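What you see is part of a larger complex, with each chain still in position.
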């Protein structure tokens, strides 16, 4: 079962995808997760529209699904969307907006991290290239190209 | 284009040929071709060294013109020259080449140490890249590589 727990509606789609990545880990290729989540979020968003849900509102989303041949097959029947109007849940709404905000800031950190890892991957590749080149030019060592 | 080993102890002619070949075809040819081309030449050279009564203590100089055609090394076997220098006639040169050969065996231990390090590094770098992407997937709305 996929469960978001409480989430501000504005950020329901990201939360769905995040949970989906975590629970299908190793069981499915990322592209499938992205594809499966995109579909569900399309459906969810239509229902949120029909339900008069604002982005300030808080929702909980649940849905059973199955993995068949490495493919996520949703059971749309099992989809539940609990809604919580901001005006009826002032504090919950406030807390979820706070969560959403903490997350936007954390993403700046992740992007900083990603940039570093990218640089790192590049440098690592260069080092591996240079090293192999030295093997070729300055030694009789067994080569990768052998 | 010409391949030249300069002075080299016969025992290590084949590695030297390959090393020079890698350096001068750099960018112009895929490594596998270099390995393949050198292997062929070294096969021929070794037959000639046998015929010439060359010992591994002797010192040789090898020269050979070749062309790169369609990214392939084509030797001109006609241009191949093998100058030989008998240890007994060139005791100092022979000694020096043996010293070179020895310094090179030691330097290879260093390179292997370096390679191991770079391998570990590559592994760690890949792990970090994997983990980072996973955090993007699980803790953010950031654009994913898989998108």
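A and B label the chains in the order they appear, each numbered from 1.
The rule we apply is simple: a contact is a pair of C-beta atoms (placed from the backbone, for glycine too) under 8 Å apart; a residue touches a chain by one contact, two chains touch by 3 or more.
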Given 2 placed chains, full-complex copy number: 4
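One rule holds for everything that comes next: only the chains that are shown with their structure count from here on.
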Rounded Å distance between chain A and chain B, as computed from the means of their C-alpha atoms: 46
Partner chain A, residues of chain B touching it in the complex: 12, 14-15, 18-19, 22-23, 30-32, 34-35, 104, 107-108, 111-112, 114-115, 118-119, 121-122, 125-126, 128-129, 132-142, 144-147
